[PDB]
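Chemist: Spelled out from the first residue to the last, the chains are:
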Amino acid sequence: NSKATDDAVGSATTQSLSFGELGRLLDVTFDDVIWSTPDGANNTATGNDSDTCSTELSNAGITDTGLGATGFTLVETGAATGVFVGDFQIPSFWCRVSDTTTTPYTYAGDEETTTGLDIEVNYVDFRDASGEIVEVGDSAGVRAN
Amino acid sequence: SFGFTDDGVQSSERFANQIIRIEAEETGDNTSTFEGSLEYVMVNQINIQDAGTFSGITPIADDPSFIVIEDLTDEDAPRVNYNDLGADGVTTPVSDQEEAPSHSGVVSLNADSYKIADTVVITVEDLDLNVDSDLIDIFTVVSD
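Protein chains in written order, with PDB author numbering: chain C, 868 to 1012; chain B, 724 to 867.
Simulated from the structure, these hints should not be mistaken for laboratory data.
Note that beta-carbon positions come from the ideal geometry of N, C-alpha and C, so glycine has one too.
Any given hint could be a false lead.
Some but not every residue of chain B turned toward chain C, in silico, with C-beta under 10 Å [claimed, not checked]:
1. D807
2. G809
3. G812
If you anchor each label on the Cβ, the simulated ranges turn out as follows [as the list claims (entries may be wrong)]:
4. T982/C with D849/B: 47 to 55 Å
5. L761/B with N1012/C: 49 to 57 Å
6. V813/B with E943/C: 18 to 26 Å
7. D954/C with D797/B: 28 to 36 Å
8. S959/C with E793/B: 36 to 44 Å
9. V803/B with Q956/C: 17 to 25 Å
10. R737/B with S965/C: 58 to 66 Å
11. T944/C with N804/B: 28 to 36 Å
12. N804/B with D954/C: 17 to 25 Å
13. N868/C with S760/B: 47 to 55 Å
14. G928/C with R737/B: 32 to 40 Å
Just chain B, same shape as in the assembly:
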């Protein structure tokens, strides 16, 4: 399940329920090392309204992806768990976590004064707007 309730302004009002499984691959023939990747898409005001963004993730793969509804740090940082049988014979899980911060966006205009028929260039430095690492991300103007 994915979405928000009411305004979605309060943290208690945003929700994202999902489980992700990593099918890691052995590096060599006799190398006990198993390799995988993770990637996440931070939600923005545009993709949150589209069911495409939530159905777009791959929940089970060697390279899964998952949704982040808000900044996840400290106790809420995403963590991967691996149940393990130790050399002492007792089952003891091993885990790692990494924080998924959000970024403050800035918008700028290249010049302080323009003249008629001057090119005006707009740039937005928000890291959270990158939703795919393979493709160029594009935002377009609405005509309705």
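In isolation and in its complexed conformation, chain C is listed as follows:
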């Protein structure tokens, strides 16, 4: 909770540089916002009622509070294949990040459904075809019936 690379695939060791944050390799977002667990010191907002977003999720039986809590890892398929695969399961509710400019993040006071929001993954290539830093991504839609 004391580092800018929280709930993302990368390293706790990090530095602030021009291109962005050096310890970040991959992360997952709902509605272009980091999917993170409501933990730390800035999770005291209760929203409309007197219940904080963290206990608000717990009452719904949700354990997949963020990407770090699903046990998501990138695993190489072979010893020298060069292809990495991870997986996880879409939750019914999630807690939005109000402000990303503070460490730890500040979380909203009310849980929100994931239905009708896009899901995205972002990968940062430290070395592209020329040996320069670039970020690439993919998107998809969460639906309901």
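The hints should help you fit chain B onto chain C, whose structure is shown.
Modeler: Positioned in the frame of chain C, the structure of chain B alone reads:
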């Protein structure tokens, strides 16, 4: 618990409460395939009155058996549930069901006319009367 109440004619009046656990066996040393069997005994007017038939089932085994009080199809078909830890790390059960129908019995007589001291042969084609797959099933006449 097993039995019926009143006539036992209405479905709401027949009951059977039981749980069955399958202790399946690994096929090989490093084969993750686990093998088991099920079998059920459909109740008839004779065995329903005897406590022997209900105590005869094996509730915990590699090859359990269970009692069927009536036709079980559609939503009531017997189903086996297996709680599972998936490759995505979330616990998601897997299940299968199979219907256990009942059969309409027919009874026939081999000839249309007999004469004195002729052999008369009676056959009953009811699949529900088979209660064991290993043994020949026999029904006998009452002298009381």
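Chemist: Could you tell me which of the numbered hints above are not met by this structure, giving the numbers in increasing order?
Modeler: Violated: hints 1, 5.
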